[PDB]
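Quick heads-up: it's one chain on its own, the form solved without the partner chain, in structure tokens.
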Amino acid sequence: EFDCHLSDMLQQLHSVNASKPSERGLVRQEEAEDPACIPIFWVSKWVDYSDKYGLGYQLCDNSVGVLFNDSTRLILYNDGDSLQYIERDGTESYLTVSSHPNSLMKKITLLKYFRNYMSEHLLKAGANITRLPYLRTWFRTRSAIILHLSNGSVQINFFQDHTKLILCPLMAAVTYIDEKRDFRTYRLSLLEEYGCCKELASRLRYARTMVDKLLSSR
């Protein structure tokens, strides 16, 4: 089953949640940190225009992408000129804006509209910290937006309090961005051992459920 690491992520989340890390008593959350699992990629900005066009987003490396409603993806690298186009069937090709390709004129123009909106009206998430993936799929609930990247990472942005989770199954790690914009990366195995606060635990339970929904909609 090639489900872009979701089954692994779900396994990792079941085990930690099953351990009931908020009940430990003697809780030592700091001992579960591991800055060697700090993620390289996450979504720093997003704009949902899914009624008409698609979902536009910026990655922390300043590349921008769009997942169109026709289920193709266009990625503009941070050089502002190199494009990666992912067709319906997963087939990838590379081009440049400057070659002014008839084929992708409309989709490039849209990506540029998204790009400019984000630069003028949105703030960069994770800004206070230092292969290029595309957005595989996303959905939103009343409480959050869930973004699944092609590298297996799942990001969950909670609207309410602006907290964010970035789950990386390759490292069996989770990064938590709290309301104060503080940024902490944990090994899930070590959260099972040392435990955590009710807040992070609750969001990890929520994450399991969101990963289930992603797996249920392939």
Second form
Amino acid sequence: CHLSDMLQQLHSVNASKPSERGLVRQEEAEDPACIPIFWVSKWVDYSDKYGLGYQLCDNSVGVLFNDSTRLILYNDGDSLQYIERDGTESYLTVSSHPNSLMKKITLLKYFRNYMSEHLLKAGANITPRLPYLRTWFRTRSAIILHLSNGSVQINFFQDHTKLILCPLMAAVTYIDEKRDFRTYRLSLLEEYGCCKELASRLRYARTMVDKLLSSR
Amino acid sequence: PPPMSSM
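Go ahead and give the structure of the form deposited with the partner chain bound, now that the form solved without the partner chain is out.
To see the whole picture, the full complex is given below, headed by that same chain.
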């Protein structure tokens, strides 16, 4: 769990008051070598009945089911990863699958088909540099998605802005209102500052990471 | 609340 590292990285950037000091030189904090490998491109909240389905940017699809199990279909459309409630990981294929997983596979295929047909692909214009969804929650303002590689993604509903936080790179990717996809080193935002918009979202992010840490 | 991401 790299959540503690993430919280520390956010504590540090926020404490530097990046938008409240001198000349903001945000462009100097950009680091394309830190562009994430994975993020959530689409999601469907069917948690009142089945669970939460998501598409990663590589076109792989996962579901976190209401029974606390996870099923992930690789982008080849056949290879499967199943994670039981106790945490046991199994690797198989749809072509071979146990009869006991037929229902969950079918559900996943419906999720997959819907996302492929109906939703915008977040970061669609970007070539990325397999994690599963550890957990998620929603607020009035955002959906928060925690990936098993330590990444935390926050999608804001009102303005469609998004953060992808990676504690391994100590980086943040910001997708703005114009769908501009920019990756920054957090330490460099400390060094060079950032706009009020990103600064406010990083403050929000800290609160969300606290929530993740307090509900582990 | 929106039950899915942006269309």
